[PDB]
Structures are given as structure tokens and as C-alpha cells.
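A.B. asks: The chain contents come next:
There are 2 protein chains.
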Amino acid sequence: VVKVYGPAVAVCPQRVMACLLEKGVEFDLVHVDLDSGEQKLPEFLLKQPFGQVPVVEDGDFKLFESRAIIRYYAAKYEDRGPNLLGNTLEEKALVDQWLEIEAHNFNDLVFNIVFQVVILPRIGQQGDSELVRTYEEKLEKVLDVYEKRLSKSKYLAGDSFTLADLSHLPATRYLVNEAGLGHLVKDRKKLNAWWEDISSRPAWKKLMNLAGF
Amino acid sequence: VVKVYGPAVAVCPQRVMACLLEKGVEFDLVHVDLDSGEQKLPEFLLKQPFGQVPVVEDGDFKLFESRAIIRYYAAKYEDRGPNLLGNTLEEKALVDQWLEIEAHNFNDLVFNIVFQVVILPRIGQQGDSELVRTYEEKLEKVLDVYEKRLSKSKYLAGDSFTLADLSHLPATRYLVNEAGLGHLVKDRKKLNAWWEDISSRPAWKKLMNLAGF
Ligand SMILES: Oc1cc(O)c2c(c1)O[C@@H](c1ccc(O)c(O)c1)[C@H](O)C2
Ligand SMILES: Oc1cc(O)c2c(c1)O[C@@H](c1ccc(O)c(O)c1)[C@H](O)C2
Ligand SMILES: N[C@@H](CCC(=O)N[C@@H](CS)C(=O)NCC(=O)O)C(=O)O
Ligand SMILES: N[C@@H](CCC(=O)N[C@@H](CS)C(=O)NCC(=O)O)C(=O)O
Ligand code: NA
Ligand code: NA
Ligand code: NA
Ligand code: NA
Ligand code: NA
Ligand code: NA
Ligand code: NA
Ligand code: NA
Ligand code: NA
Ligand code: NA
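Going line by line, the protein sequences match chains A and B. Mapping of the first sequence onto full-length UniProt numbering: position 25 corresponds to residue 26, and the numbering continues sequentially without gaps. Mapping of the second sequence onto full-length UniProt numbering: position 113 corresponds to residue 114, and the numbering continues sequentially without gaps.
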């Protein structure tokens with residue numbers, strides 16, 4: 002049984018768990034207490050040498066980097082559950098393109114925002130609201146590209162749900178709830194409909210029930 | 002024949018071209034003048050809607066995000082030239098892990114450094130040396146993990162050269178030349194040997210001959 006390391010509430014562990022749930026892969030969650038810096042101490046650095054979560058252990062196989070992990074499990078269990086990768090090399094490439102868009106254009110801004118608005122106040126530090134503003138204005142321009150895409154295609158990589166969509170679930174939820182920036186999605190009709198669809202999937206609802214969201 | 006858009010000198014176009022050269026894929030380079038902001042104007046935004054390079058056009062197939070592109074061509078031409086992906090799903094996962102390490106842990110720091118040290122002075126702006134210092138200190142800690150890995154494995158993802166190594170070529174060259182931070186590699190014996198190996202590959206030398214490096 003796969004072991005997943007990290008808090009249930011954290012974005013990158015959730016990305017992994019969402020894929021495992023979609024693919025029907027049993028796992029055991031091992032909390033790592035990011036609040037207290039457990040991920041930076043020697044025991045955990047033997048598992049993830051950059052001191053970040055998640056890592057997975059699957060027998061004597063060990064893997065980190067959330068987007069590497071979801072690609073691995075989507076392939077290992079391709080012929081079960083939803084096709085998350087695409088079939089043809091061109092379909093697979095479009096999944097990869099929209100993962101790459103998620104991982105930089107989108108997530109660099111969303112993380113920055115959530116870190117200032119949500120993470121830092123929890124440890125007694127004021128966020129930099131002016132900086133958050135700059136991220137918000139960049140993110141509107143990124144999401145205008147999403148809206149254009151979703152006007153043409155039901156999901157990001159084509160007409161079916163894939164890893165590309167899945168990878169957005171955890172951070173987007175924080176963006177539109179805890180960070181108070183739901184307008185970024187609600188202002189964009191196709192994006193809003195996409196969000197209400199993907200975030201209502203049974204695997205995601207199960208994970209949110211576990212996490213308390 | 003594949004069309005690749007972007008300057009020959011730029012990092013992400015070079016990442017793509019390195020893969021095409023390794024795989025023996027013919028291409029035509031279409032310069033995009035980043036110096037003058039061509040990538041932000043309407044004509045180019047029809048090709049890459051985030052206003053960045055590269056994009057590839059391969060008949061009526063269009064793809065952007067450099068790491069999506071190199072995965073596509075490594076798969077489309079798997080049975081020719083070097084195996085860049087790995088064979089087993091676990092080998093492929095380790096390639097993906099080290100691509101993910103390149104794409105965030107490594108490249109976020111190297112880009113930041115090169116932007117301040119190299120890009121901004123070329124447009125008449127002083128870089129923020131204090132900020133560059135902070136990046137340099139983070140990057141030493143990242144590269145200590147690389148050194149540990151390369152003590153155990155010839156290349157990053159295993160005993161052979163893969164996409165994981167390839168993806169580092171363009172930015173590392175800037176880091177150790179134009180940015181003046183060659184000590185980051187030279188200080189680390191296994192990393193230095195890895196660098197002198199991968200950057201001497203014939204495909205890379207050909208590309209550097211084209212680019213003027
Ligand atoms: O330093 C931290 C500590 C945390 O507990 C978390 C951190 C950073 O980042 C959060 C996070 C928030 C938003 C994102 O887009 C993202 O990639 C990660 C994570 O959920 C939880
Ligand atoms: O705004 C720019 C303009 C550019 O011409 C370049 C930019 C940014 O980034 C450079 C760059 C430099 C270092 C990197 O690690 C990286 O990912 C990209 C690129 O080579 C060339
Ligand atoms: N590129 C990594 C990012 C991992 C990451 O940022 N993890 C966060 C949780 S979402 C973390 O461990 N934060 C605490 C820290 O960085 O100290 C991946 O995708 O796995
Ligand atoms: N995530 C993108 C990054 C592309 C990117 O940053 N491209 C740079 C060149 S290396 C660019 O176009 N810079 C100019 C700009 O951002 O305006 C990819 O990997 O393709
Ligand atoms: Na990780
Ligand atoms: Na990340
Ligand atoms: Na304001
Ligand atoms: Na698009
Ligand atoms: Na919890
Ligand atoms: Na691109
Ligand atoms: Na990038
Ligand atoms: Na100093
Ligand atoms: Na390692
Ligand atoms: Na040139």
C-alpha cells in the first residue's frame with residue numbers, strides 16, 4: 002500500500018491524493034507537520050531531500066515531485082478508471098501542455114497569493130497586500146487565456162477530464178475560499194462552470210471530506 | 002518540417018532545439034524578437050497566448066510549454082536516437098521527478114539570477130545584487146542535493162542521459178558563463194563532471210555553434 006507523506010490540508014499532497022482516488026489506488030496518509038517545520042529536519046530530508054511534501058513510498062519505490070507522482074500513477078493504472086493522460090501522443094502532449102501551464106503560469110501566482118493572504122497570517126505575519134495586488138492583476142490575464150480555451154474545449158486538454166484539470170483542484174479551492182478571490186473564477190463564465198464541474202467529482206469530494214473542506 | 006519559434010540564444014527555445022537535435026528531428030527556427038517585445042503583440046499571441054517562447058508548429062499540430070514539447074518529441078521519436086524518457090514506468094518516473102526538480106527548485110532560482118545579472122543590464126536597468134545574493138544562497142542548497150544524487154548515479158535520473166539532464170543545459174550555461182556563477186558547479190565535483198559531460202554532447206555543441214556560445 003502506497004504511503005503518501007504530508008498534511009491532508011496541503012495543496013501538493015492533495016494533488017497526489019486526488020490522482021490516487023481517481024485511479025482507485027489504496028493509500029495510507031502519513032501527516033508531516035509543516036506548521037512545526039518537520040519537513041526540514043533530518044528524518045524527513047532522507048525521504049524528500051529538498052524538505053518539501055509530498056513524497057510517496059510504494060514498496061521499495063520512492064518518488065517525489067507531485068506532478069511526477071500523478072503522471073506515474075496515471076500510467077501505472079492507465080487501464081483502470083478515468084483516462085487521465087490522453088490516448089494519442091498529441092492528446093498526451095496537450096495534457097502535458099496544460100500541466101505545464103498549471104505548474105508555472107497559474108501556480109506561481111496562486112501560491113504567492115495564498116502564501117501572503119492565508120499562510121503568513123497564521124504564523125503572525127502580515128501579508129504584503131500591495132504585492133498580492135500585483136499577483137491578482139497578473140492572474141486575471143492568465144485566467145483570460147483559460148476562459149478563451151474553455152470557450153473552445155470542455156476541459157483544458159480536450160473534451161474529457163485529465164491530469165491537466167485535476168492538477169488545478171487543490172490550489173484553486175484555496176484561491177476561491179480562504180484567499181477570498183472567488184471573483185477570479187466567478188467573473189469568467191466558462192471557467193466558473195469548469196470549476197463547479199471538476200470540484201464536484203466524487204474523488205475530490207471524498208478528499209475534501211477527509212481534509213475538512 | 003517542425004517550426005520552432007524564439008531566439009536561438011534564449012533558454013526555453015534552446016531546451017526544445019536540444020531535444021530535436023538529439024532525436025534527429027529536422028526543424029526551421031523562426032526568430033521572435035524578445036528584445037523588442039514581439040512576443041507580446043497580437044500576431045504572436047495567436048501562437049502562444051501567454052506571450053512567451055517557444056511554440057512549435059508541426060503540420061497542423063501546435064504545442065507550447067518547452068517541457069511539454071520535449072516530452073512530445075522524445076515520445077514521438079522514442080525508437081530513434083537516445084532513449085531520453087526511460088523504459089520502465091519507474092525509470093520514466095525518475096526522469097519526470099528530475100524534470101520537476103529542474104523546472105521549479107533549480108530554474109526558479111537560475112532564471113531569477115540570470116534576469117537580474119544578465120537581462121536587466123542589457124536594457125539599462127541595474128540588477129538587485131542583494132536579491133541575487135539571496136538566490137545564490139538558496140541555489141547552493143539546491144545544488145548540494147544534486148551533488149549527493151550524482152555521487153550515487155552517473156546522471157540525474159539513472160545511469161544514462163535523459164530529458165532530465167537535457168533540460169538543464171540552456172540555463173546552466175548562462176549561470177556559469179554570463180552570470181559569473183561558475184563556482185556553483187565547479188565547487189561540486191560530481192556536478193562539475195556531469196556538466197562537462199552533458200555540455201560536450203555533439204547535439205549541444207551544434208546548437209551552441211548556431212547560437213554563438
Ligand atoms: O510554507 C508553507 C507551509 C504550508 O503549510 C503550505 C505552503 C507553504 O504552501 C501551501 C500552498 C498554497 C497554495 C499553492 O498554490 C501551493 O502550491 C501551496 C500549502 O497548501 C501549505
Ligand atoms: O524577459 C526575458 C527576455 C529574454 O530575452 C529572456 C528571458 C526573459 O529569460 C531568459 C532566461 C534566463 C535564464 C533562465 O533560467 C530562463 O528560464 C530564461 C531567456 O534566455 C531570455
Ligand atoms: N515542486 C514540489 C512543490 C512541493 C511543495 O511546495 N510543497 C509544499 C506543500 S504544498 C511544502 O512542503 N511546503 C513547505 C516548505 O516548503 O517548507 C511538488 O510539486 O511536489
Ligand atoms: N513555462 C514556459 C516558459 C517560457 C518562457 O519563459 N520563455 C521566455 C524565454 S526563455 C520568454 O518568452 N521570455 C519573454 C517574456 O516572458 O516576455 C516554457 O517552459 O515554455
Ligand atoms: Na515533492
Ligand atoms: Na510546484
Ligand atoms: Na490598491
Ligand atoms: Na490555448
Ligand atoms: Na486535517
Ligand atoms: Na512556451
Ligand atoms: Na518555466
Ligand atoms: Na553582500
Ligand atoms: Na535524490
Ligand atoms: Na543568434
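Incorrect hints may have been included.
Which copy? The list can't say, so a pair holds if one copy fits it or any two copies do.
[Said to hold, decoys possible] Only pairs whose alpha carbons sit at most 30 Å apart, straight line, appear in this in silico DSBU-like list of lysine-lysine:
#1 142 <-> 207
#2 142 <-> 77
#3 77 <-> 139
#4 48 <-> 155
#5 4 <-> 190
#6 187 <-> 4
#7 142 <-> 24
#8 187 <-> 77
#9 139 <-> 207
#10 93 <-> 63
#11 77 <-> 191
#12 139 <-> 24
No lab work stands behind these hints, which were simulated from the structure alone.
A.B. asks: It remains to establish, for every hint, whether it holds in the given structure.
C.D. replies: For each hint, the structure was consulted:
1. 142 <-> 207: neither (32 Å within a copy, 38 Å between copies)
2. 142 <-> 77: Result: close neither inside a copy nor across copies, 36 Å intra and 33 Å inter.
3. 77 <-> 139: neither (37 Å within a copy, 34 Å between copies)
4. 48 <-> 155: between (39 Å within a copy, 20 Å between copies)
5. 4 <-> 190: The answer is neither: 38 Å in one copy and 34 Å across copies each exceed 30 Å.
6. 187 <-> 4: neither (36 Å within a copy, 37 Å between copies)
7. 142 <-> 24: neither (33 Å within a copy, 36 Å between copies)
8. 187 <-> 77: Answer is neither: 36 Å inside a copy and 39 Å across each miss the 30 Å cutoff.
9. 139 <-> 207: Neither. Shortest intra-copy (32 Å) and inter-copy (37 Å) distances fail the 30 Å Cα cut-off.
10. 93 <-> 63: So residue 93 and residue 63 pass the 30 Å test inside a copy (25 Å) and across (13 Å) alike.
11. 77 <-> 191: neither (32 Å within a copy, 33 Å between copies)
12. 139 <-> 24: neither (34 Å within a copy, 36 Å between copies)
This entry does not satisfy hints 1, 2, 3, 5, 6, 7, 8, 9, 11, 12, going by the numbered hints stated previously.
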